[PDB]
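If you scroll down you'll find the structure; I have some questions about it.
It is the complex with one fewer protein chain than it really has, and the rest are unchanged in position.
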């Protein structure tokens, strides 16, 4: 308490006088220009909103801990995964297509973005609730996400646009099958699995390399909603998943996931019968079994959602020694894209915000810019220098690299022995799903096609028969009878759509 | 078609080569840094989103025409309202609290933002679907909107926060009554009325002044949804109102509103028994009857929702000769706030975008800045100048002014004879509502209070009894029995709320 | 040192590997897209620059201390000026017209921007090296600064534009005289005086008010350069003043200024023979003598020029209890303008950067926005609230206010008994300047008019004769003979100018 305090301050720390009445010429007069508290508070209010993420705008998260309980030191030198290591984490969950205020229970992919605050930097494993994705080249991703959003004239989501894109990009079949199956509607974020999806590189202390897949298996199980249930919840509680996570942690019910990897020897990655660098493919667990690493626990809610969750900036470029990227084109595009988006969304100094700062000392050659909170004093701005300010200069092949040879080209990845666009989707439908799941799948896909322009429907019938002839005919028969479920979040047809 | 065309271009107009595959070192190699088409398209994608409006993020609109059919020339010299004049319009409708992807059918105020493209500039009448508002001083508005949005930790909307603000700001009673009544849930935007809410100033050719209220009465009638219906629609079709407007216009069903004004002689504005400069008050139609002006028709959908609707920038500062502001503190704060927000949301040159440009010639002393599309060539940048580049220099009292006298103060407006916080709300509940509307009102208010922290509930019981003793007791009795409707868009209680 | 350290890190804290070579496919191959260190460092480099200040882009500063050595407690309750108080300060000096890289020794006004880090907030006294300014209404300021900058087509500064503006705004005469006199070219910033220029309000503990002027009198004296010397230095050392200040402090030569005020009783401000609210007027020291307050010492250089000086954000709105604004229209426009500019130049959270943070606790109703470093946790976002988070609600006349009465108008300030545009300038030329200063003045003004378009020259001859008939004829005679000094920073004439 200062001597002239009034209960709150302006931005300069001086007493504000009133948070409730403007400065006027008498009670009945106009507001004067020099009501600086009115101006400061309104100008700030007008700058509170920041661009929402594209994609994955709607989401929430929590802090936790990861504990290593197995010895995988023969596979990586990364500090975070050494025996017995416990690391603080942050996890943000999200949908993909919907905007900031959109219902949580729309049918969609869910994000699973996990940061480990390691002793050698922030390691981000930016995953999804599926082991695969719709595409295998990042040039197509902009198109895909735009097709999942809104028509340019009416501003409506449109299943015709969605199916036009999917049927003209048959590489999408594996993930469209997974999305249209049970797991398209998680009951809660606690009751879904997380995956890295991509192949990553692990490098051990001797320089030996393995290609790895990450799998986070929920200790709460996998539980899903029906289309009808999810539609009902979208109306009753648009923030159902956000509320569930916060309430669960507040009550002491800390959700857990066990991490397993698959580890492929370096040379076998080049010869395996499915392309491990193709994001539309899973790798068989009969060929490369899951190996346990440790357990993730979420146990602490945010104190401020905007500062800790909305302003968090995750990136697959945030690797640490012992972990690298891979020849997966999609992953390589992601190495550029996230940081770029965050410079616009948050700001140049996004990585100086507390939630994005690493625990270890940063000594980075970047200076100045807007909103530079932690300046470098008189440190040298160039290298080499004669002033004792260190720099890096390792020469030669990098520890997390690989070989390439060819001419500059734009073409599809070469096919391995068993690669195609529809086989793995067919295995999912025929061998993994139960009879009841298959029945529900038909009703979901048929519903998703209701009202779709007939030319696009016809292409969808061929697409589904390519996945499985029996399921495809069942879908076609139901579409021709105009049957099927309503799908939460999207429809087709009418004068405002294609 | 250029000789080396490929089907699309980069931003410089050169052939893009592929919109589907990235540039790699052989089919199996990494993406190269110099895939400039990948970079341009991803960097643009990452900058597509702009901050959503605060408030009124969720909305849509259409173009139309306004036709003057009466002679109100004795009241204003504004060109747009002279006899027989037809003017092109743009109208954006919206909710208030929810974000970009939020359901259209939440209980809320609706915006009614109307632009007239006049021969003497763009005239914006930025109204709502209610003649009043919650507050009478703009210092409180930031607080109010934050209370209608989300809790800082959990990110959830919370009825306890909403009622804590309303009960501690009893000036809100008139509009809270209107919001909790039938009109809180319009069936469609076509089936709601629009209002200017504020008193504005009209000035005629002789300089005579009248205080005016604007009323847009729907030719489609006023039709509303129940809480249960609106909740159901929120789940089934989050864009119901947006879809309805677009489809209606596309089918040729052009919605209309008739404009009426109330006209108060200048001196009577200072003595009237309710304060016309208090936005929480209506002016009796027995004292000042409605006078017809003309008819608004909406008849054309946008070609591009983002460019024409999302990027539209409406402002009450966009007056034209013959129409001015008034001593209403809320209006005077709005004269500053919109343009300020738009400089951040869209950009410095927001008013050069086609939808925001006026039809008449702009000759304005503003130069340079980012994204300056229509430059001024070698025009003088200062005034007076000796180069023949004109400027304005009218001296003396302005035609759209008024008098003031007093000392600089922060205090409430003085009360007129019949001014108070609860009387007009009481008239609405007792005399305007039917028995069925009163019954529904009790169920709505009781529902809105379910789960609210008990101290805040107790203050709400006193608030409602101040409006009407009978309705207040009915609400209290239902709250104590834990009865009432679910309210679309909000709830209270639980570990994630207050 | 982490186990895999290389000498520097990326932004996530992981080893950077090399600050000297890019990631390529072999030594001879292309750079890959996933060189994340190349991308991070280049994207940051590309965002290092921020908009320069407009005006006052070119400048530098230092930290120091202010010590009160007199008792002025009968005049103000402000903590910073109570007996014996010592306060940390920051001072930025600058020119006005030139851009970031422009020479320090151009003829121009110099800024004198002083921050006191008080126990009741940051108090900014944003002054200049002159007691007056060119204008008395802020509407003209945009025009004035544009006239001092560059022609729209050629990008050159132009004396014709400068004189066209000055001669058509005769209120400028007092300050143009001061600028064209000796003090237009300070030798160093240490050897110039500083002034608040405007009348400010001081309020004591009993609520009694005085109008005050601030004067900072250099203990190093006032020393100036000739036009020829300053031109020579502009070529030899464009950063002469910046270098001088830094070197002087580094050598232990701490420059000092003594602060004096003039104190006008509240009622006398309304009746005084020169308008104290007209920024083009000085107040006679025979009528209101200077009263000593204390001494300012600069004694510490910045550690980082960009973070501490370039990113500093000074504003006349940063008052503290005991000190207020005044009816000076120019000051009232400044209360809005600085904070507005800083939101664009630096960012919404400009006042959270260390150099802009106050020493006392900030409790302000502003939340969210880009780059929010110091979040508010779960503090209530609205007022009043029932959660114990305080707010301000003082009602009634403010302690730093005054009275007004009238109709809304756009017109010049009424003239006091002795007010005019040329009298004070004439006193300066006839009574204050020495013979040698008058001789130099003629050569400066004549030089400044060389090459100016003849119609504008003719108006300038009348302007100068209005100041003083003898000096005006001397200037005219020299201009007609094409004599006069070269003026550092500007010229006229030729095919690229008016």
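Going in written order, the chains are labelled A, B and C, and every chain counts its residues from 1.
As a convention for this text, a residue touches a chain if its C-beta (ideal position, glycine included) is under 8 Å from a C-beta of that chain, and two chains touch if they have at least 3 such contacts.
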Absent-chain contact - pick from C:77, C:143 or C:174: C:143
Touching residue (missing chain; options C:126, C:238, C:259 or C:264): C:238
Hidden partner interface residues of subunit B, rising order: 2-4, 6-21, 23, 25, 29-30, 32-34, 36, 39-41, 43-45, 47-50, 77, 79, 119-124, 303-304, 306-308, 311, 315, 317-322, 325, 332-333, 335-336, 339-340, 343, 346-354, 358-373, 375-378, 383, 390-395, 398, 401, 404, 408
Sites on subunit A contacted by the missing partner chain, in the whole complex: 25, 29-35, 38, 142-144, 146-147, 151-153, 161, 164-165, 168-169, 340, 343-344, 365, 367, 376-379, 381-387, 394-398, 401-412, 453, 455-456, 498
Sites on subunit C contacted by the missing partner chain, in the whole complex: 17-32, 37-39, 41-43, 45-54, 57-58, 60, 98-103, 137-143, 145, 150-157, 231-239, 242-243, 246-247, 250-251, 277, 301-306, 309, 327, 329, 332-333, 336-337, 340-341, 344-345, 404-414, 486, 488-489, 491, 494-496
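Going forward, only the chains that are shown with their structure count from here on.
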Centre distance in Å when subunit B and subunit C are each reduced to the mean of their C-alpha atoms: 39
Chain centre separation (subunit A, subunit C; CA means) in Å: 48
For subunit A paired with subunit B, centre-to-centre distance based on mean C-alpha positions, whole Å: 34
Set of subunit C residues in contact with two or more other chains: 25, 29-30, 32-34, 340, 343, 365, 367, 376-378, 383, 394-395, 398, 401, 404, 408
